[PDB]
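*Asks:* Build the full structure now, drawing on both the sequences and the hints.
6 protein chains.
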Amino acid sequence: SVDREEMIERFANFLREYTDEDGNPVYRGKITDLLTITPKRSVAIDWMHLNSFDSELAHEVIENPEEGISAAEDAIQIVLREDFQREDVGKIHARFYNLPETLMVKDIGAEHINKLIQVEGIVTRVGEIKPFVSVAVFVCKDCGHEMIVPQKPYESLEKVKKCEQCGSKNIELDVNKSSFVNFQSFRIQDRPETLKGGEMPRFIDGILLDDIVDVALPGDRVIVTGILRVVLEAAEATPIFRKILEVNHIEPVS
Amino acid sequence: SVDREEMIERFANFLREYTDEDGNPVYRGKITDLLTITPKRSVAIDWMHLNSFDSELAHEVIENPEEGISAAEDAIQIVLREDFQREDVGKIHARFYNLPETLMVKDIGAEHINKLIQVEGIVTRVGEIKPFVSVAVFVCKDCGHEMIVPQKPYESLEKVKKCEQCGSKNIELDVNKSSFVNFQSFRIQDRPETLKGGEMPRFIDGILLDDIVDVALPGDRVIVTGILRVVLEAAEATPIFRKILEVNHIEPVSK
Amino acid sequence: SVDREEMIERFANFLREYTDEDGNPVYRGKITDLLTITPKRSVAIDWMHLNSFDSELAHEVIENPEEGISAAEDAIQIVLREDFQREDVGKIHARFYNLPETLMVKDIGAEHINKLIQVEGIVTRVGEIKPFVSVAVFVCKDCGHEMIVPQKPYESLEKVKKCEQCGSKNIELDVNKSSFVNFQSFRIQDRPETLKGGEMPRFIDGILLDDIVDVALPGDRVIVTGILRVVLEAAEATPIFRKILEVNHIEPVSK
Amino acid sequence: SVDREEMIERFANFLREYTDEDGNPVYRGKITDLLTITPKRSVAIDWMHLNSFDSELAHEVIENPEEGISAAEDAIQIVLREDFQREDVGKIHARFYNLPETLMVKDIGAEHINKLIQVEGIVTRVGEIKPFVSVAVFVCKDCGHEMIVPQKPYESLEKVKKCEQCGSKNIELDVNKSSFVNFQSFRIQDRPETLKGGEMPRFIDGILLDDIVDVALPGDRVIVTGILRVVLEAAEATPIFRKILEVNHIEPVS
Amino acid sequence: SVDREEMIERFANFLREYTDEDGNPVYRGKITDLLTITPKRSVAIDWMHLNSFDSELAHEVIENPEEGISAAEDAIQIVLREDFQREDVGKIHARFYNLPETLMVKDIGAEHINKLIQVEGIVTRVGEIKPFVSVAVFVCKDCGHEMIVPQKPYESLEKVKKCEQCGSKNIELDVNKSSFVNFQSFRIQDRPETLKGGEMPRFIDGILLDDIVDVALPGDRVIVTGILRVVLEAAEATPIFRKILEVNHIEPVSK
Amino acid sequence: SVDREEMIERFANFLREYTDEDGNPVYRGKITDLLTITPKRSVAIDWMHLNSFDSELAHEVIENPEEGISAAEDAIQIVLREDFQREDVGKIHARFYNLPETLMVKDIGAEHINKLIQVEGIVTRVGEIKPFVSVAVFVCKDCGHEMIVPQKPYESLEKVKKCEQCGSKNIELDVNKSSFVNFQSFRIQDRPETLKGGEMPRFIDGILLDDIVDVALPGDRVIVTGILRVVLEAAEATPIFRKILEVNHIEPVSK
Ligand SMILES: [Zn+2]
Ligand SMILES: [Zn+2]
Ligand SMILES: [Zn+2]
Ligand SMILES: [Zn+2]
Ligand SMILES: [Zn+2]
Ligand SMILES: [Zn+2]
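Residue numbers (the entry's author numbering), protein chains in the order written: chain H, 0 to 253; chain D, 0 to 254; chain C, 0 to 254; chain H', 0 to 253; chain D', 0 to 254; chain C', 0 to 254. A prime marks a further copy of an entry chain.
Heads up, some of the hints might be wrong.
[To be verified] Examples of chain H' residues toward chain D', derived with CB under 8 Å:
id, residue
1, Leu-172
2, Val-180
3, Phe-182
[Stated by the list, open to error] Straight-line C-alpha distance at most 27 Å; calculated DSS-like pairs for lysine-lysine:
id, chain 1, residue 1, chain 2, residue 2
4, D', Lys-158, C', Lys-151
5, C', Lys-151, D', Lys-140
6, D, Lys-140, C, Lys-158
[Claimed, not checked] Interface residues of chain D' toward chain H', partial, derived using beta-carbon atoms under 8 Å:
id, residue
7, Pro-24
8, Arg-27
9, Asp-32
10, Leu-34
11, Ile-36
12, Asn-50
13, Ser-51
14, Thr-193
15, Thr-237
16, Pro-238
17, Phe-240
By construction, these hints were calculated from the structure, which means they are not laboratory data. Ideal placement from N, C-alpha and C gives every residue a C-beta, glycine not left out.
*Replies:* Right, here's the structure in full:
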């Protein structure tokens, strides 16, 4: 695979040196869109672009999306500081799109977990937009010690039983220190027309976070990319699970 | 007894302060968990806890479950607002369990009317799930005045005779404005294995609302807490009554 | 949302202009066909079409099916008059199908009240076909004043108390003046093959009017779209409700 | 994380330099047991040993067992050649044991996929010992071109539709070129005595391969280590899965 | 017709050589898959394939399904042995499907006795699953001689009168030595939707063995192939017969 | 495997020597207790104990329960005689429980024939208690010769054709000489709560003898161990079999 601190620097180069098939730089100018009056919090990275410039890195994102994204997101944090003297901007998302292979929803499940994939389908329903605790800061009300606990949006709220410093159980969730974002679930499946006659269509549930919330309605034809997650479904004599797609990038199909 | 305002205070306290013998802030943690992405709509409260922390209040929810349960629900809403800055959060139920006495169905008398009881028995039947109007919003077709009327699932629907404001006798219940929850009847009785030979087992009908509907099938042995109600027999106009159990909490025995 | 006058415009547009990916003017062609010697009394509209052409309007018929369906039917009548010089043509239904979400019977909650839903399931029962008064014409025996009163098949008959004009309390429903259509109840439920072991299948009653009556027998598996209604349980005066599905479109699954 | 070619060399050092808390080398002599009249095909590596000598590597095995093992197995292949002039020995397994944390069976499922874990429980049943195609060699009967396809024991036999060289569909599985091993499933759960009164015990199914087949009978109390795998269970409207434990090392509890 | 030895040759060929219009070696691939860790115990053979590759043989399995089916099973066993060096592999069934003609239950006559037919209909009933002795091993209590006797699930058990070797009339069936498979009866009939008004639907009983037992529930519409049997009515000693369908292959219609 | 003489030795050992993790001589203590004024007629043996002490023997009682159970019962009789000088003591059963695998009723196949299995399920039915002849003493009316014939409760009564000694064909079963024990049938099945939706629960009939008769009523959930038997369906002369569970040990789940 590839060293983590190295991907960071390898992405910075992509972000800078790249220019498309007409000889025009592009990611320099996407980064500037982060500093308008109404900024964005996301940088859409074409993967065909990243592969034609750095094939060995592009195949590492897919193989390890969790690290691959986290890396590219540090490389954006840097380039904003080195090429634009900014360290005030805060969290920026790196959303990859236009991957090599496009799955139909039915083809997922056969697919492997924790790997970046691309799916095309139709949205059948979307949830209530609700606040998600993405970072929980617990506080000992006895000694004062703070404890940070990061959260996965596909697992319930994880907490801490006792204070790691003084051993006290008298802890509370500090809502102010903690970090919240928007959350919105949705469900896609394969469009009836792309299936055979007596073929039951299949579905998968997704998670949208922060700034890609409220991006879609039912009936929308879409192309999402994200990471599959295995989630508990029922704790039977032996547990069964399902697969949900934590979305990294979504756009409508044209 | 205790007035509402004060019960709510006493409850909000219990929730925040109570700790078990190990020092876990049980009810703080449960309320904390309502901030999870897919929360419960109930908070179960061990009566023995409430009793050890505020015995007068604990004995008060048995005597006046309707008040106590309501107070405890308002307390929860307060803690969510005050200690977690959560507002939009919906109704959260306070369900009490583990009362000091467990009755057999044959022991449930009309003296227990409108108090909280705890019964053990086996489910004989379970009704079909239907919607029930917890909150009926009526609307005048003339002035468009909106009158809110709460209902009880064991009493008949309470309509309005005439508009309270414009005086019009032309009001209907507005379905879109009103609030509904799931409803499901069920029946428990004493198992024959617990009775004298020859003894006819006694039963009682209950009601399950909202998030405890469809929690039991026939053949299940359960422990329920609930407010006993005695309602006039609809069957006739005679002075014979019918015991109904409005369930507050239900769990299966041995789990 | 959209006011009636404007929906009708937006609909008439859709009908005339919409074309599929191949360029066929689907709804023009269907309306054209109403000029055949033995026409249909309905025009089925693929929701996904309406959505791709006028998404705001499409999401509007789900939110307010009663309005949307009514608007679309007025639009059809317009196109027949304007583009085909056809007047006498009777009522033509607008039946929407292929909604984005398909519910199981067990998922149909009272939150869906008065919205359009799409359900899949198996027909358990089918009622006897009877006449229903879509339009009740009442007539005063004194002045001969005629009062028109529309009805809903899931509500009780709305009569008139007294003559609106001469004030007489002597009016009867005139059968010859009134309009009737076929009516037929039916029931669908989830197939056990789709539930957890031990799970009791849930069901729901529906209503078929006019030209979709007698379209299904028991055993059929179907997909219906319809406006969910929640009506007070006639069984009693209690606050318990009953879900009824007023079917807008029905087709068998897989065909 | 760590570079792959590097773990190899890092393991070779462990295998050589290590000596226990009494000052005696150990893995030098385990490797010689591979060259007796009746050799072994496995080297049991204590993890407490690997952690006390190379903490950063030991935590990488657990985090990436698939690579971590494959690495340590190359490092054994080497050390047999460099310190014992042998490249004839063939496939040797690296089986890690005595990990930091021991799960009860019930605690699995909550556990993460593709990570080395350790479980204690009791065997309730064991399967028929049967031959598993671990490496499938397909052959084009037209041009002659060979195609190698490696197999996962928790997924059905994977094949190839057509010849990658000449495009022909006239392919056959060459049983002689292909590689087979023993396979035997089994099932463990938590011992009734370590559970509460009205507590339904939970189970998990395991896979034993090659030389660790037939190692256990029902009733045996055991400590296995392995990698969890998510497997399809039923292709419902949305697919459900289960978790099975591909075993890396098994021994009875004393 | 064809003798057994030669059918097996012709079948082994078909399996190995057959390719579809795209060039896929269908039956090679299916047999290849029996080497997977959890294999099937059947190989389904499209009759239309066999027909296009060896028409005389194909028409032979309809005329003599018992022979053909047996030959095809021996062929499979050969290919596994010869081309995959697999021996221990158990019995593998050859199940034929997609025959040229599909009968309605009302068309199945006794002329079809002992031939292969293909029927479409709806499952009315499904029996309880029971064990059936495919291979009865008898054992003499005196000499310990072992006599193997195959059985048919539609005929009565064929015992042995006396030991074939030591002549002893003291033999019993040995259960441990014998082979059993699952058995399950079922019944199909024509759907009334396919008959004249007033017509009484006709039915027929079938048998499912081994790995096709418990494949259908009532209400399922299916297409089955099977050997028709006509057995004397056990009901009496009269000369009236009963049609039974010994199913070779079953799949649901429309899938 | 192990011959009878040697199993008995190995068993007698286990009984005497076995100790748990705390050092209690469990089976010594149980056998000691048979000297109490009102003893049991059974000694329950935890399989996991026998397995930890003599694994080969333990796996042997599963493979050959009839032998193993019989051997263990002879061992008990020995220990009572040798270590307690007790002779007159009647038959004492050896009932094994807590086997390594627990089957669902649907998993019990004829491969388990004549082995020991452990099943979990719910009692659907319980038969009437009747007497069964464990030991049939037949008596010749001419010479007065006595022939002992043991019986199995799942097979038909084995009589004697003619007197073994005087050759007379005139023998009857002597009731006073014979031994009887209580007999009771029962039936268990899988609970629907444990099956796929739509799945028909499977069941199995069992037999309780002597001191475990009348131990369960319908509705009880139980864990049984027993020797599976497959007996020919008496219903007919067909080759279809019937699974019957000859219960060795039964206890209710969770207690
Ligand atoms: Zn602290
Ligand atoms: Zn008013
Ligand atoms: Zn008038
Ligand atoms: Zn080739
Ligand atoms: Zn003989
Ligand atoms: Zn005699």
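*Asks:* Taking each numbered hint in turn, which are not upheld by the structure, reported in ascending numerical order?
*Replies:* As far as the earlier hints go, 2, 12, 13, 14, 15, 16, 17 are violated by this structure, in ascending order.
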